[PDB]
Amino acid sequence: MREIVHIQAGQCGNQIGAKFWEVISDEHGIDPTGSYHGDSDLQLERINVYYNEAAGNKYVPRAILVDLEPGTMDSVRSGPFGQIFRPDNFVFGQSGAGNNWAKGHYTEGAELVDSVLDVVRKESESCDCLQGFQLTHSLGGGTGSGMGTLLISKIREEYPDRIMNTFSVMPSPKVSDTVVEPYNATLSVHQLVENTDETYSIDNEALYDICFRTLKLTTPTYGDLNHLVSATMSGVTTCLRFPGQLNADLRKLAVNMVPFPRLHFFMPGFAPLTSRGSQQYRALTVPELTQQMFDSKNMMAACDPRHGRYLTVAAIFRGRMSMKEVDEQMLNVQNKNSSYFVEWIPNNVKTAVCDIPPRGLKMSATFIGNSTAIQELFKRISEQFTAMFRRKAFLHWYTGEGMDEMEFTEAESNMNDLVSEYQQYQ
Amino acid sequence: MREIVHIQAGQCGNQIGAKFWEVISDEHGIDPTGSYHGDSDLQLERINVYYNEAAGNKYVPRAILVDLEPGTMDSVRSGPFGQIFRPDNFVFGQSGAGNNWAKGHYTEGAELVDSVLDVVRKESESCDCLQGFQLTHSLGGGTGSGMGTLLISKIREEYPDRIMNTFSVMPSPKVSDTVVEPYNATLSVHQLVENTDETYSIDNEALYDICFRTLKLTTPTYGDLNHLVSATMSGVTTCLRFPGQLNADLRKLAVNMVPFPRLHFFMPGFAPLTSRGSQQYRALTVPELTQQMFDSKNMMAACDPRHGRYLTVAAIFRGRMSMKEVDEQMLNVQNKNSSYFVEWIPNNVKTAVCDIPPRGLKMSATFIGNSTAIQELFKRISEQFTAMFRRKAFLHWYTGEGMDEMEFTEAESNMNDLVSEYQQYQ
Amino acid sequence: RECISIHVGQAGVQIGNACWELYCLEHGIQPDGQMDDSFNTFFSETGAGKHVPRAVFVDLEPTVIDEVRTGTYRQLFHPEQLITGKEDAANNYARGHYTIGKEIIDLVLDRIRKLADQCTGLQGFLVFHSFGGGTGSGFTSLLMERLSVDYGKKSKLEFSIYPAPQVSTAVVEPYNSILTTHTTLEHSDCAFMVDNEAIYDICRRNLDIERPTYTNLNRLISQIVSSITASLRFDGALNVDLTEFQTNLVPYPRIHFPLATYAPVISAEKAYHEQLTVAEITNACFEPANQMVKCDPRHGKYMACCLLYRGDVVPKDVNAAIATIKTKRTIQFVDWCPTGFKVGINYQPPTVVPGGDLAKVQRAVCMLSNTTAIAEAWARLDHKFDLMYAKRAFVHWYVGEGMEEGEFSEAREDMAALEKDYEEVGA
Amino acid sequence: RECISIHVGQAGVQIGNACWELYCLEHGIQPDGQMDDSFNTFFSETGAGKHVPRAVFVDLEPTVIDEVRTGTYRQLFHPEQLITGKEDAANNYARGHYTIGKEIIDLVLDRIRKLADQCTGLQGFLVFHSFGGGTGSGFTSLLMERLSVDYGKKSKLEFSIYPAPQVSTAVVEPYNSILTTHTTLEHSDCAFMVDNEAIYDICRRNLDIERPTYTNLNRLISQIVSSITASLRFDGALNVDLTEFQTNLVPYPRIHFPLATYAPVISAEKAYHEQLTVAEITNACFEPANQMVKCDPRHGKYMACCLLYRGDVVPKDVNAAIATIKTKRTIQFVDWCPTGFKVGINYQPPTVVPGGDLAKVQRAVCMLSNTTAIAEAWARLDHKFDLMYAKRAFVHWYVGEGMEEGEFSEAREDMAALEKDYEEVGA
Ligand SMILES: Nc1nc2c(ncn2[C@@H]2O[C@H](COP(=O)(O)CP(=O)(O)OP(=O)(O)O)[C@@H](O)[C@H]2O)c(=O)[nH]1
Ligand SMILES: Nc1nc2c(ncn2[C@@H]2O[C@H](COP(=O)(O)CP(=O)(O)OP(=O)(O)O)[C@@H](O)[C@H]2O)c(=O)[nH]1
Ligand SMILES: Nc1nc2c(ncn2[C@@H]2O[C@H](COP(=O)(O)OP(=O)(O)OP(=O)(O)O)[C@@H](O)[C@H]2O)c(=O)[nH]1
Ligand SMILES: Nc1nc2c(ncn2[C@@H]2O[C@H](COP(=O)(O)OP(=O)(O)OP(=O)(O)O)[C@@H](O)[C@H]2O)c(=O)[nH]1
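Residue numbers (our numbering), protein chains in the order written: chain L, 1 to 426; chain Z, 1 to 426; chain C, 1 to 427; chain H, 1 to 427.
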């Protein structure tokens, strides 16, 4: 019932996707081998929405890990939960993209896309009823942006009626671990805006800002950053995995949060985010965590929402709580911040709740935010793209794979179209 | 109900504020860890007026400790009750003021005030109904006088209807541990008179005089001085923390004690103040402690009240007592000292009583006094300010942070306005 | 993933015997040729409990091949791979290319061809030579042109040893350097460079070796060339492939001449007294005196840069380090590439040689910086060439080999065009 | 909170080796370089179980650097931090500044720059030198001007050793003193001073050392310089920061020349017979014979004063002590600053050296007094300079270095302007 086919593209996509299967496996109570050891019966009721029944009560995940290098799969397969994935799903090439959008989109991806499209076809036909696709990729690099965007277009034409979820991390000017990041970012968003109906715009520096201020961890590694973004993936897909007083499917979130077809680039968040020493000095009640969700610190994107206005925001609550407190808290946040909410919509705050909270926490909530402040991250990528493109810097490597400079100009026009669209409704 | 948000600024403010949370925690019966172990049910009835309910029946104080140096928080956090405070409230800079009003008011405070205003906002919104702000600062130094006065002005514009309590210790000529004390004092009172509706003018030498004569302690340290001033803070806030036959809120004290908006600089006191050896040789009855309250020795300011006249005085009694004895004692003190009370007010003595006395004492009372004798402490600060200002001594350090000498002249004019106002009603 | 590394000339093989001793010590390979997927990219599996490198040491003079054959690493290296010539190059670009070059390239070009057939993951090439003489200029340039017509698409990482402005070994070195660069400009995808006097400066102020030799110079070269390929051998938080040095460093196909520098460099007694964290090594690698080539980066502008780390190096602090480098207005990046940084992390730490001069460290960094600072070095190399070219000095040897005055002028105007591009791109 | 301390000249390093032995003994640091937040302001964490100071001993002559390298504190100090020159200053302000100064400042200015990058809480600077010669006058003054243009805002605490009226070591000392003070007047935020004959008076009448040496002189200097920073290292009832010496002592930006004196000073056998409480040390520190500089405070007026205590010192009694000092009409404060007192308390007591001349005490005080009493000392220093300046004595050495008669007159009239200000402010 409403099966979602998972897909992991790129190095970062495989890492956060690996953490996604790890964190939800503990919620359902699955061993690393693949057997069920959960305590509640509701954990097994909606286990088929990601997993498949196998012999010996084993549950294999529908994770199609794709990458243009072989070493990435060795780290994922040799992980704690690396042994649960299917060996047939591990399909990969030999030659990497080398941080080039053209290689993964024309040459390295075209020879591999014929092999992976057969893998997703058999997985989609074996399900009872397909709901959507959950993608994890990165706008940086070549395999994530080039090949990861290309497979969605093939899946778009094959399944035009089904939704498309994409949890896409994107670069920032303060934290930039790649020289050719704006070209990969500017070309990828041209393909994402036409194909993907949903896009969670996550920024790396915000995850560094979240771990530094509210969590105050001493030595945050990449694994700690994956725990934050993986929890947001488990939070959006909570209503179709456990019962709740007000269920909201992933399509139900899309109808509420996508007022126009191009305005599907949102600002995710997660709460509570507390340190180990500051847990005793905090109440788990609903009003204190609600203001934390709407705070600029908790959001996983560098754009301050006070520089813009919210189009429409969603708060998918979890745990046993009072509905009146949820209904009254969503009122006061928009009342005393009416300047930061659009006047041409009477109510912008979507809400949902579930009965089964995460393991180790009694109550929690996940923030999804559509606002005009997200255009600030696009224009800084645009001026970085325009600064390097106006003298044809670092383009000759892209032209080797048959790519033309007109497509760079077309991606620049779409980038100008994105920032002007969010400025219209501001 | 009527929550009061506590704030601690400066080195001395954090010390007396730390003693304030220590002494009232014993009255309510709170462990240093944060759990409740009180004997009476009334202790827990009004525990929410300062503290907040948390998990495991833990009670966190609403103490926002602010200081421009990090070492001050390490001494407070490493204290006996340092572990009960919230780690999020410990917000502080790195570079100290170095005893400069301009640094804490323009440069060192301006970069930090944006961070602390977010801390008091979330604490004020989480309460049921905000009553006022209880500040602890010192007119000496830069962080207490410069930054401590600045945050009140931001809180004044944000909460103009709420009262503002400030327990402000100020220097004296006999006990002066700072060379640049009159500049910090003269500039701070200019901001206090316009913003603060309440100000307890405490003097350090009087606390040395109180501990020497009536207490006769052998080796009084700063911790013993904090016990005196901390008890006065617990005494004023007794009526809204325990039941009483005649309750008087902090706003009720303001209407009775503030006859004009600028005449809000009072002379606090506390009684009984007895030595360990002179306890058996003393009766705890009400008439003997009443004359001790109106005595010049018990008052915590260097100004002798016999050099002036009382505007209006308040005596917040505590413990089970006879109301007739309280009503008859307040009559005879003003009858046989009619020269020291203004004739243009028929009754100057406010009174209040509570049923639950402090722990270890059966009966007690706290003296708050408005009198024209307080101007003596202002003019000695004025002539010290005028003596150093008339040749521009020690001003070039203040001008480095963009401060002008006109503001020093404006503070001098306000200082002349204060002493002339109290002379009008004398 | 696999790669092969050839060596040419005296400078190449003296790096080859000095770097391969470090490679065999990392993977626990004893000197006798024996002790899973970490050593596969450099060493093959020779049946059972035995390995062999994928390398060939070729030189025209036999002075250097015979000592490796009778040295201490006799069983590690294959005896047939050690190719030896018959006649010396004699610091002549023409003699090592045409007379002696043409009769020996047919053996080595077919050898590396069949040596690639047993391989399957050949990522590219990296060569080691020096244009300061004849073998590393003539025979190398003939090898690059004949390999580019066969493979072409595969990468080539040139590691040449250029002379200092005033310090030198030969006297006819700019003729060999200017003639071979006419062919190396178009056939090389990337070419890192090293100077002979700058590397003495590395060991003088920091390591305090007042009497060093070429043995000590090659050990820190081995740390450099092994660090760039450390991502392929061992897993890391952010792995970088050998082809990453082509896309992220080459803005234009003819501007492919970056610099090199490495840190930390510290002696034994100083290693225990000095603190080792990512801050000072990030401040030290951009230091102009700690560079491996004599060029002042303050005069020029950086086109592209790439930072690769080793050992326990978390990612949150190194991102803060480069942020402090950007706001530092001492150096200045070019406006054509504001995001001129490529970060790389690896968990495997830097190793040390038994009895080596370098001390053990928990972390390190290798800084390869692309900039226009080499333009003044080329103009100085061209400036000294014009004085000797005007008097026709040392010309009778080259024309006696078969060449003439034509390619002398073609190398001059081609070097002039290289200067014309570096001044145009730096605007 | 952190700070760095450099040392210049023979006087600086002889204080440096003498003061750092006291710092390592307070924090339990053994002489071999190893044994939480108390030693962080002076000593860094060198990986694990090892520390290093944040200091540099620089001197042009090599006589003083080699003995510290081969002394007993070999492992404590970093070997690279111990900078040594090539040529002697020879008691010439010009020679240690321009000829020998210019070739060595480029090493140390860049060294302290990168030494601050690993630091984060740099409060200011404190230097140790002496204007009685060449290195502490020329090289120091070049260091102060080149640091003020780079940092500027940070504080600088100068500790110079000035000569007595009649007792002296050199013969051309007023030329070095008057020339370097022209630059030190504007670049120094505060400058404490010490005399060479007064400190002998401290150990003669009180400590009863009839045959002292410079080793004994520096140990009580270490008590002084360590007491002013004792508030930063350990907690106290009233902590005072290093920047407190700028606001509470400098009434005007060019009048920044306070005196210094310290008490108690008592021998071993006299420590047990004498009572030690806050009264007599407060009476003794204002005693004119117990001062560290030969100036009569009875002739002048105090501009500002600051009292900092150590050990078990309660606040109620010290406030009574200063009240007795104010009513005492022997001394007299200036009318421009009636509240001329700054009290400071610290719980950590004064330590003693193993085998040192100073005895153990439960409490102590360090009295730095700002006054106009140095005006007669400067006029006496200028008076003796006019006799030698009129005959052009010792002028051929300085003009042989490169200077001329211009800055001689500029230093004279600038010193005359300093006298004009101290007589104007004392009205
Ligand atoms: N929050 C996390 N971010 C990561 C992680 N790994 C990488 N990244 C970030 O994503 C950026 C680019 O993503 P990738 O590492 O996947 C580059 P990709 O694999 O797609 O191309 P190639 O490796 O060249 O084949 C990268 O520069 C990091 O800023 C991670 O584990 N967690
Ligand atoms: N009754 C008490 N008075 C104190 C105490 N500590 C200091 N003081 C007095 O208050 C005077 C100034 O107050 P502070 O110590 O807070 C100086 P402040 O911290 O505001 O500025 P900086 O330390 O320079 O950043 C000070 O000179 C004392 O006379 C104390 O613990 N108790
Ligand atoms: N850094 C470094 N440079 C070296 C080393 N060995 C040789 N060189 C350089 O190599 C240069 C000479 O180049 P070659 O063409 O190899 O000289 P050759 O092999 O003797 O050639 P012939 O003289 O013709 O026999 C010298 O200028 C050296 O600077 C070395 O071990 N380390
Ligand atoms: N109080 C004190 N003064 C010292 C000490 N060591 C040196 N001095 C003073 O330093 C002065 C000389 O200054 P310098 O410039 O350092 O002399 P120098 O380093 O020998 O310079 P050159 O003679 O040029 O080599 C003398 O007059 C001493 O009074 C010391 O240990 N204690």
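Bear in mind the hints are in silico, worked out from the structure with no lab data behind them.
Just so you know, even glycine gets a beta-carbon here, dropped at the ideal spot from N, CA and C.
Keep in mind that the hints are not guaranteed to be accurate.
Reference listing, derived: stretches of chain C covered by chain L, where coverage requires no fewer than 3 residues with Cβ under 8 Å from a Cβ of chain L [said to hold, decoys possible]: (1) 235–246; (2) 251–263; (3) 306–320; (4) 325–337; (5) 340–347.
Quick list of simulated restraints, FRET-style, between CB atoms [claimed, not checked]: (6) H:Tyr98 / Z:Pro87: 47 to 57 Å; (7) Z:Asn48 / L:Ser420: 50 to 60 Å; (8) C:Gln118 / H:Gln34: 47 to 57 Å; (9) L:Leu331 / Z:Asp31: 36 to 46 Å.
- [ ] Sort out which numbered hints this structure fails and list those numbers smallest first.
- [x] Failing hints: none at all.
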